[PDB]
Amino acid sequence: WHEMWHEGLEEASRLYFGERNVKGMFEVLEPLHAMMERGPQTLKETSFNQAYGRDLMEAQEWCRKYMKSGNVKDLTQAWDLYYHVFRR
Amino acid sequence: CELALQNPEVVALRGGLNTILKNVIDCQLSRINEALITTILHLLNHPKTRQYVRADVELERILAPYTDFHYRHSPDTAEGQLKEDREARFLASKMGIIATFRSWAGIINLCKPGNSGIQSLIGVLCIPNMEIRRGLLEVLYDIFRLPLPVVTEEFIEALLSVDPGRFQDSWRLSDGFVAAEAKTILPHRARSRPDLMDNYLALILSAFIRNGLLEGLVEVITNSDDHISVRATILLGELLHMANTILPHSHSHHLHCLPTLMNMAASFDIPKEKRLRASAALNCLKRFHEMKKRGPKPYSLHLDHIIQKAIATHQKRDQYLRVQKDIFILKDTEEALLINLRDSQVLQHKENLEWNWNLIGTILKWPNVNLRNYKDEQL
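Protein chains in written order, with the authors' numbering: chain A, 2023 to 2110; chain E, 192 to 570.
What the hints contain is simulated information worked out from the structure, not anything from laboratory work.
No false leads were slipped in.
Quick look at which bits of chain E chain A covers, simulated, 3 or more residues with Cβ under 8 Å:
(1) 400–414
(2) 417–431
In silico EDC-like links for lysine to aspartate or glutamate, alpha-carbon gap of 16 Å or less:
(3) E:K274 / E:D247
(4) E:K507 / E:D523
(5) A:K2066 / E:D417
(6) A:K2095 / E:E329
(7) E:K507 / E:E568
(8) E:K488 / E:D509
(9) E:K285 / E:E329
(10) E:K463 / A:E2067
(11) E:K516 / E:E526
Computed list of chain E residues with no C-beta within reach of chain A, every gap over 10 Å:
(12) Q242
(13) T258
(14) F281
(15) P340
(16) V342
(17) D354
(18) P439
(19) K507
(20) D509
(21) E542
Using N, Cα and C, we set each Cβ at its ideal position, and we do this for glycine too.
All chains should be modelled from the sequences, with the hints used to inform the complete structure.
This is how it looks when you write it as structure tokens:
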């Protein structure tokens, strides 16, 4: 699970910062948003819940604060959370 | 008579200090501000609230030195009868900015005046100071977010917890998120009081009508139990002193009142500790802090040896009158020998291991009727 979020952040950040991506960035993120509906079952899946599973569902709300106008301060907290979990 | 002439002289001195630059008249302006603060402390009833508004408007220009604002902040904490309750937005965008920039400037006089102003705002009222608490939330969070490179960042974090005595509807946005971060990096005696104060505030919020504002902190009560126990589930790391400080503060919070763990969180905390003790030998060493709460004798043997464990259990007493205690220690040594035989009977003769695992059948019925678990505590 935690192996794919590396390139999932490295693509979705660098497209938006270098190649002027607007709608394709959500297309890159949407396989990752269509994954966490099955739920944790095992011990490693519980460790992923207690290690990272607090800000992955919440950051979509920040995306819901981005779709109305496209503000900067309504999205940079999600970038802060992504840059915090990327190093971890 | 005299007060109406003294307030006009202070207003003229403030106007002359505002009309000045003031490069060469900085000491004279500081002396005039000290004299005005002494006159306001001697008399704070003349003539209206316009002088306080002029002093609050002149306080932004007096923070240039910034030693001149440290004497003016002391006057606002003595004449704060109804100026903060009427006009709170006139200084909320300046006092919080002066308190947030005091850590970057490195001034003790600017750090003491902001703490004195925060204490004067916390001691007067709490419902009327909601805007001042919301405006100073970033200055209260920057001390907890930058405590690694600053030495004075840990002083404001202890003073910000004294201001949140009620904590009902003051901020409700970053109060519980930063309270569990400073406790996992401070010492045992410095985090034992803050965790107990947070548990008392959560119990007071659950007992009052604002039960929904503190019902989501159980995960905040779980991660502090997960930073020493569930931290070695994926990858083992140490941080041994941090885990030992997090286990002792959690043990003190569980032995202080225990109104939060019972009864939907203690069963999940005991199962996580049982899974961590049955995972490896590194995570199984945190049980002694679980044993130091009621049956404390963990420093008797330093893992050496199996023959010296009975001698350590015999020397764990005083031992003036240990007639029954010697028989209890002999029974505990015989039970440990039976457990060692069950461990050495792996893995085709595990009936004794199942007898040791199911050895709490009559002990659970005896403690529910007579409340006597001395043999269970010895085992």
